[PDB]
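*Asks:* For reference, the chains in residue letters:
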Amino acid sequence: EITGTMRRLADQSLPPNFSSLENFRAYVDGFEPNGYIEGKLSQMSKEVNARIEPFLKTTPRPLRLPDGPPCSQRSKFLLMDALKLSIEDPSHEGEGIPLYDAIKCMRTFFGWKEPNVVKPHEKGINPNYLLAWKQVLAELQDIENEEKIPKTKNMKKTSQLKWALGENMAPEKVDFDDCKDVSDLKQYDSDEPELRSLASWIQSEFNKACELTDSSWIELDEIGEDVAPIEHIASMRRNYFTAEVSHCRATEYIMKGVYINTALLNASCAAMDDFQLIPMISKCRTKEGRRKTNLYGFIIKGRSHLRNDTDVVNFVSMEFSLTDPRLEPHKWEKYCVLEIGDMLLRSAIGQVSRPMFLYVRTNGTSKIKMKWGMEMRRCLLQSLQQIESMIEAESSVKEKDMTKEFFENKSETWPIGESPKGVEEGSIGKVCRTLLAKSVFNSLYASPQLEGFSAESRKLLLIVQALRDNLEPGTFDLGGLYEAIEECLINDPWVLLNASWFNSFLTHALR
Amino acid sequence: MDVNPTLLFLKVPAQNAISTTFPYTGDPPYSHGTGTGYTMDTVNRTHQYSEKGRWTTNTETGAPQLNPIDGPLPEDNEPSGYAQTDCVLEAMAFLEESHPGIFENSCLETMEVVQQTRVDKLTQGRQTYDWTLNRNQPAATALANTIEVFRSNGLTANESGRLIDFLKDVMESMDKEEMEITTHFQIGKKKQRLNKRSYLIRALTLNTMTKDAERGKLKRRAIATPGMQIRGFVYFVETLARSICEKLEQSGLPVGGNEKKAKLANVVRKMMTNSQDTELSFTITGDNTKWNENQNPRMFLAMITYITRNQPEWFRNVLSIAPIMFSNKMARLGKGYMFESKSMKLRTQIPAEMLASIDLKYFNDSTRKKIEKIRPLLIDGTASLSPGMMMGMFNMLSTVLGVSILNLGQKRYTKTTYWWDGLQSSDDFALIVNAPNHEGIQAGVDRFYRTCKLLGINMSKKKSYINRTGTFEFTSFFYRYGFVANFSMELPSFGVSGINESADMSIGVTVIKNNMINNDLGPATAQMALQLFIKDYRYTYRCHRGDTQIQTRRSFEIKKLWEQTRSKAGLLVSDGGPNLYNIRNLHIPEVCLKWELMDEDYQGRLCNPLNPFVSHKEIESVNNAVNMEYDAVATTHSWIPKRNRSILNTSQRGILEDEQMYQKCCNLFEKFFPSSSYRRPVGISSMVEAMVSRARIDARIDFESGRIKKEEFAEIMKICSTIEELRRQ
Amino acid sequence: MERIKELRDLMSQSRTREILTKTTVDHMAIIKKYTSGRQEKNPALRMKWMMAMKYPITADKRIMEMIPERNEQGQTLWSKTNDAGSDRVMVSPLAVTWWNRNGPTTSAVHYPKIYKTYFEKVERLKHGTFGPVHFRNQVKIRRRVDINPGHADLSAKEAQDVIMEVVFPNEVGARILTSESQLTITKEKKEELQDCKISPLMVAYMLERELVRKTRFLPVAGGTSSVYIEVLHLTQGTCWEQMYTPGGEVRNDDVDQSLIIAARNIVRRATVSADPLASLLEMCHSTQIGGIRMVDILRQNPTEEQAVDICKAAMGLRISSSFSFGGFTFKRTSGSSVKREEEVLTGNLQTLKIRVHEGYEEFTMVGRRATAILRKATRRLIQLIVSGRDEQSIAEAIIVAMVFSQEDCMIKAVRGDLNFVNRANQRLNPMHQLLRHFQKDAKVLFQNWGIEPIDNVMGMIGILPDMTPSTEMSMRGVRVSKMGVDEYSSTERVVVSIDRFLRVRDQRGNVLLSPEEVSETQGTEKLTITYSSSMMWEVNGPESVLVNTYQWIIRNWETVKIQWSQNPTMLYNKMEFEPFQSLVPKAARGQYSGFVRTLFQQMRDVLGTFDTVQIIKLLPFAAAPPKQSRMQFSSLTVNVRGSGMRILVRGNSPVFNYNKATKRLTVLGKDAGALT
RNA sequence: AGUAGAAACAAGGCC
RNA sequence: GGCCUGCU
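Protein chains in written order, with the entry's author numbering: chain A, 206 to 716; chain B, 1 to 186, 205 to 644, 654 to 756; chain C, 1 to 676.
A couple of the hints might just be wrong.
Pairwise CB distance ranges, derived in the manner of DEER restraints [as the list claims (entries may be wrong)]:
(1) A:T208 - B:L753: 33 to 43 Å
(2) C:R427 - A:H437: 51 to 61 Å
(3) A:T208 - B:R393: 31 to 41 Å
(4) A:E227 - C:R389: 45 to 55 Å
(5) C:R389 - A:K603: 49 to 59 Å
It should be emphasised that the hints constitute simulated quantities derived from the structure, not laboratory data. Ideal Cβ positions, reconstructed from N, Cα and C, are used throughout, including at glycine.
All chains, full assembly: derive it from the sequences and hints.
*Replies:* Structural data, given as structure tokens:
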């Protein structure tokens with residue numbers, strides 16, 4: 206029985222022309238359909254409608270991209286501008302002590318100079334980066350002196366690293382009843398991100414991420430012995446896949462990111478109050494067959510008292526390179542660049558003696574970003590799954606297995622990028638590497654803008670595909686869809702590049 | 001050459017490569033601070049889309065409530081929450097006309113469920129906003145605190161262990177002139211009183227938060243969590259709504275993915291093949307903008323009243339109560355706001371309750387406008403959110419209304435050459451409209467849009483499109499003359515689940531096997547998935563092959579175990595052994611697969627019951643991981668992981684001791700009643716009374732025929748008498 | 001004895017006294033679930049972040065007196081710190097591996113008994129026999145399929161009471177286990193688990209897994225068995241089939257079900273072929289069921305069903321006697337008989353010759369869902385008793401008996417178009433055509449049979465024309481009854497001959513079987529049928545049939561292109577276009593065929609005219625026998641779900657569109673091969 | 001400084 | 001300097 210308060214609340218929860226729950230119940234129990242929907246439809250204005258605007262070849266316009274200063278590198282490590290020192294040591298993927306391996310990979314380089322600043326940060330204190338480099342070198346030599354190399358090395362807490370790692374920068378936490386009459390007391394800054402226009406360097410990074418290399422970067426685990434014929438077919442498919450994919454810079458980035466994020470997470474959980482030096486290590490395997498260890502640089506993890514999954518741990522990254530920062534300075538907005546050595550590479554005009562720079566920067570990561578970058582290997586799944594789908598979709602057509610023909614005879618060719626002469630097609634392996642690089646870059650440059658744009662451009666891609674299939678497609682508000690796509694292009698290089706790709710696709714389709 | 005993966009779509013159709021358009025290999029977008037801003041935004045929006053309605057002041061809560069029902073008709077194509085009661089009732093009437101006897105049977109089923117269901121069923125739930133602590137707390141924690149406070153106030157019918165008695169107590173708490181709660185300080207407690215209005219706003223309020231790990235949106239959205247008082251009525255309503263949706267071939271919410279695809283395929287076949295070639299047929303693959311904001315609970319009350327016609331009045335009232343509470347619901351604003359002074363380098367957390375009084379100098383123009391607009395609705399730190407539902411608490415009823423609108427195009431009610439049908443799951447629909455010409459198609463889609471605006475259901479023009487039949491999309495299922503595999507929704511499920519080692523292996527190989535079965539994952543991709551999962555498993559659990567030189571904190575024990583063992587193929591990947599998994603062996607656990615290769619000493623150590631690591635609490639959680656059923660064997664690798672241990676620094680420390688000793692008590696009861704774990708115990712008898720009586724009966728039956736001789740029987744009876752005397756005293 | 005003392009110790013403390021006193025038994029779940037620990041939204045991040053700290057796992061406190069604080073290297077295995085809301089202690093993962101290398105040992109013989117289902121899965125897989133992988137299009141039809149392979153056909157609630165009676169005999173409640181199956185299960189299961197010391201909760205979950213039924217919608221092609229669905233990730237793909245035969249000894253019910261479905265399908269395909277017997281033999285050789293070939297089951301298994309008998313007889317084997325009629329199995333039990341080769345008229349005035357039999361004779365009818373006993377004379381019925389289950393079953397039996405009687409009361413009731421010619425233009429058996437006509441409704445046969453008196457002996461019930469029992473006047477000779485089974489089961493196998501069109505015969509000269517006695521029913525195999533042939537789309541349907549036919553002609557275009565030019569009659573008379581021939585009008589089959597053949601002929605005659613699209617489109621229409629004509633066609637109708645979809649001769653269509661840019665062909669929206 | 005993007009982190013509280 | 005916390 207409903208009684209008391211919950212009866213009154215019942216009387217105030219009905220349509221507006223009723224005053225009692227019992228009268229409403231009686232009206233419903235007596236209600237019999239007598240053509241009400243049609244009547245109110247006749248009364249409703251005819252301006253409220255869903256007129257279908259046809260969608261033709263001339264209908265879709267290009268996507269507008271934002272205007273502003275060019276976009277700068279966001280990745281946590283260098284992608285194409287990275288350098289490797291090597292020692293050729295027979296040590297498997299993890300079978301070593303990172304600091305001892307790093308010392309061995311650094312001892313093999315001669316040509317070190319007194320470091321000086323080349324491209325300043327422009328917002329920081331470059332002498333602090335200089336002192337941090339010198340401190341790293343001093344500590345490495347100190348480790349060298351010690352009889353046994355520490356598994357994990359802590360760094361001294363000098364002013365250069367207190368500054369470069371954001372120490373005592375958070376504001377103090379007080380009670381609102383103790384800071385009311387302060388002038389500049391206000392809400393956190395919540396505005397549109399700064400606008401940034403697309404640049405040419407992201408397309409070159411993607412071009413090189415899709416390239417072959419002279420080493421192997423993926424040594425998978427073992428599996429049971431194959432007993433069924435379909436297991437042998439799957440094993441041959443996987444062997445072809447790994448052959449095509451293992452020599453690709455995308456796999457190198459996978460390994461770099463997995464190692465770096467594993468190391469950062471473990472160092473953050475283990476040493477929360479201390480700063481810690483973490484070498485950047487990756488073990489490849491040259492085509493001759495010798496395994497090689499490779500050092501890209503060093504990280505300096507600050508403190509890591511991370512409570513929420515969004516809390517930020519700051520670190521200082523230093524990476525070796527040969528690329529001059531004065532040819533694309535807008536790419537290195539957040540970087541300080543020193544000059545650290547000279548290198549004589551394999552030259553036929555004597556020896557070149559190109560200089561060797563160190564890209565130094567302050568960066569940060571979260572528990573979730575570390576977790577999600579330590580699992581970039583799923584990209585290999587995404588890519589290869591799509592490839593396998595394609596292959597099986599063709600094997601059903603030709604009643605026979607299609608792995609060998611596809612992967613060897615190279616007859617089939619899929620448009621995989623446009624040259625100035627026109628659209629250029631590639632073999633199944635180039636498609637595999639392209640999709641792998643796409644997934645890897647989705648993992649490296651992941652943002653809410655990417656999600657939003659991906660969805661809102663999937664919708665337009667599907668409308669354009671319906672148009673291409675001669676399925677007389679139509680829309681109800683296309684300018685709204687466009688404004689929803691363009692709402693996500695703000696400042697992210699990867700998203701702006703995807704938008705450029707979508708514009709090129711619309712230009713080359715619809716013909 | 002410049003590389004462009006999108007150009008791949010110039011040869012492969014967009015549905016046969018749609019996995020490329022899913023960036024699900026990177027961190028999903030997360031919220032960082034308060035969710036007050038989105039709560040206020042949603043309140044102001046759902047009060048804006050119904051502004052031509054009628055205003056009232058509730059006599060019980062004092063809150064300003066906006067009623068848009070039977071309001072004016074919309075004049076433009078903007079969202080509108082002006083639903084018409086007569087049109088909803090006509091939709092229900094035609095629904096019953098097309099599926100006769102559906103409401104009677106659904107009401108009978110729901111009546112049986114109401115009569116059988118128990119209070120323990122409310123323990124199976126997510127976080128629930130406890131109104132005694134003003135804090136989100138696990139469903140069982142909130143239930144226990146509510147039951148305790150009720151018993152402290154005199155509403156003890158809920159001790160019957162029936163859901164309807166707990167609802168009778170919840171309803172009888174509002175007719176009390178003073179509630180009695182308890183608050184912790186520092205460690206002790208304090209008694210506090212709550213006048214009728216305070217308890218009313220606490221029972222009617224909802225908590226608000228930001229939804230993390232949402233894929234596919236640039237801007238964050240808010241979600242709500244209801245209290246304990248509205249969860250039983252909503253349980254009964256969702257039971258009725260599921261029971262109804264099960265009997266409709268046009269609903270899609272109560273079913274799984276594969277049967278969803280089956281329904282979609284059947285509908286597409288019906289509309290293409292059965293219909294003649296002369297008729298055209300077009301598929302609108304649409305979505306609904308601001309679905310929850312426009313779904314008034316008053317029309318859910320009208321629908322419930324229509325469905326429960328010619329039924330016992332008690333059933334009508336129990337099912338009506340939930341819409342009544344939602345119509346008067348309040349929404350907590352959120353965490354609050356953080357203020358930074360850069361010159362003085364300090365920060366400050368203001369709670370949301372202060373927003374009503376706080377000066378507005380500290381806010382940006384957007385927040386100034388939101389606060390100024392919402393302040394009239396603010397009653398004791400919560401905003402009246404009457405004009406519409408928030409984030410689908412009434413999901414199945416919304417699907418019922420959508421299937422009614424889909425059923426209103428059968429061609430018997432349109433009385434015109436065009437007609438339509440389709441499938442709708444709340445906030446997403448696919449509509450196949452058949453008509454003889456493009457004018458008929460346009461008229462059918464216009465009548466669909468308009469009939470959808472008379473029920474408060476708005477169609478998203480920005481995110482919906484119409485094509486010929488054969489190609490469409492529904493809940494990220496892309497149908498192109500047949501359904502197509504995506505595999506990108508299931509990619510984040512291909513790593514270590516994170517329960518324990520045995521569960522992670524089981525869940526990883528069952529996810530691989532399912533993706534091989536359901537989502538057309540290949541054999542080579544499945545083998546590589548095995549390999550990568552095993553790599554991640556070994557790195558996450560510091561369990562490497564044992565013939566390696568990987569130095570970890572747990573790399574020494576693994577070599578000692580490796581060296582002790584003669585047969586090395588019998589070791590588990592968790593103990594430093596090889597990987598014997600393959601396509602043929604995805605449906606077998608890792609302990610039974612290697613059982614015949616194991617050494618007897620290792621085999622007996624691993625599978626030892628006395629191990630201090632294995633603990634199993636209830637039959638529901640033995641082999642089920644949030654839902655992934657995973658067949659697994661209880662081994663020493665089946666440990667539980669550690670707890671947050673952050674309660675030590677907070678006012679709420681006395682919950683840990685209470686729960687440690689409650690677990691003591693429950694273990695003793697399990698000793699007395701062996702089947703306390705298998706079958707949740709039922710009864711009404713107190714703990715000590717049941718325990719002492721059961722022990723007495725056991726002593727009696729043992730004396731008559733069993734081990735117990737007179738001495739132990741007498742001792743047991745004397746001790747039991749002592750327990751009873753100590754209980755009564 | 002210990003537990004009551006523990007209870008005195010808990011009751012001694014006042015606070016525990018209030019917990020025990022106030023809490024009711026219904027709330028046992030709530031306080032069991034009462035915990036501050038929130039459930040982890042991201043368990044992966046919380047086990048990746050957590051596995052980098054010392055002491056990340058928890059264990060009972062007894063570990064403190066069973067494992068040492070450190071190992072030989074000095075690494076700590078457990079701490080003295082306690083979990084948040086528990087007495088349990090925080091321990092490192094090195095406590096687990098130490099337990100596996102130096103912990104107590106036991107006898108694990110119990111575990112195979114406990115986890116019986118998993119070890120049965122292992123044993124079934126280990127002994128299975130794989131075979132060739134067949135790359136072919138997989139028509140995966142989503143269907144509810146039983147996942148569990150040991151289910152005793154008891155529901156979760158139904159089997160929870162048997163589980164309790166086995167493990168927890170005092171806590172069962174009011175539930176009395178009436179059913180005998182549950183009672184046998186209880187006695188047998190109790191013995192095995194007499195002393196199991198794992199956990200009674202785990203023993204209960206064991207019996208749940210073994211006994212509880214489970215169903216799941218899954219895309220299934222073939223298979224549908226308990227043992228063939230657990231390996232559905234291994235047996236079925238998108239483009240590939242894997243022949244497989246689990247290790248477990250298979251039940252013969254499933255095998256015979258598959259034998260009947262296979263034999264039905266084959267017989268149907270044989271009827272419409274050009275040479276039914278040759279095609280039937282080649283298909284039975286080229287097909288297999290559950291891995292085992294079809295010939296093996298056909299020689300070993302005795303099973304009674306029309307298609308199995310036709311198949312067996314085609315292999316020159318013994319075949320069960322006791323001739324059948326209208327799908328029912330008749331056994332004569334008295335009298336002789338001779339045919340007469342006579343002539344008569346109908347009620348619709350159509351003249352017909354038939355063979356009427358001599359002598360008084362009794363028969364023992366048998367069937368799938370009915371049974372009857374009959375006594376008759378030359379052209380005259382004497383008596384009929386029936387034993388059907390449902391009323392329409394008795395109606396079927398009665399109309400079958402009336403047709404068998406050959407009475408003029410039935411001959412003067414035939415009304416309408418009943419043409420005795422098959423889809424293949426084969427004259428049809430008259431008896432089966434009458435029996436199919438009187439199966440829509442036999443009203444006229446009932447009002448035209450006659451009436452007699454009855455003695456009201458035995459209290460027998462009267463007959464019903466339209467559900468009207470008449471206990472004093474009733475149909476002449478016809479009786480009402482309901483036996484449990486036929487007189488007796490016939491098992492005497494005879495020798496037979498077969499015509500090309502599968503008209504089985506006996507040593508005397510009478511007829512014994514025919515493709516009209518096989519059911520018109522379409523079933524779903526229990527074991528995966530590996531009907532190996534180029535055409536596997538025998539029962540797939542018209543859309544699949546069309547797409548796959550065009551796919552075949554694309555794939556084999558290299559030899560059809562030269563067979564189309566040289567020796568085309570063996571390309572039209574080809575075993576691959578017979579499913580397509582099942583489609584396309586029955587009347588315009590010949591007109592369409594002749595049309596297309598004349599097109600192809602005048603396309604070959606004049607030089608400089610060749611369109612591969614036209615040939616690949618119009619070849620499936622030239623299969624049929626050619627009927628001449630003088631007219632021409634702009635389209636060709638094909639039946640799909642009762643609707644005539646039109647295929648355009650000139651140009652593309654929704655059923656046939658060839659993109660000239662990417663060279664893909666598309667049937668019904670489905671790719672059907674690249675064209676060269 | 002940096003991460004990040006409609007609000008936050010750049011440690012928090014208790015002696 | 002010592003201790004408490006890392007979703008509260």
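*Asks:* A separate judgement is required for each hint: does it hold in the structure or not?
*Replies:* Hints and how they fare:
1. At roughly 42 Å, the beta-carbon separation of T208 (chain A) and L753 (chain B) lies within the given 33 to 43 Å, and the hint holds.
2. Taken as a hint, the range 51 to 61 Å holds for the pair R427 (chain C) and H437 (chain A), whose Cβ atoms sit roughly 54 Å apart.
3. Range check, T208 (chain A) to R393 (chain B): about 35 Å between beta-carbon atoms, so the 31 to 41 Å window is met.
4. For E227 (chain A) and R389 (chain C), the Cβ-Cβ distance of about 53 Å falls inside the hinted range of 45 to 55 Å, so the restraint holds.
5. At about 52 Å, the beta-carbon gap between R389 (chain C) and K603 (chain A) stays in the expected band of 49 to 59 Å.
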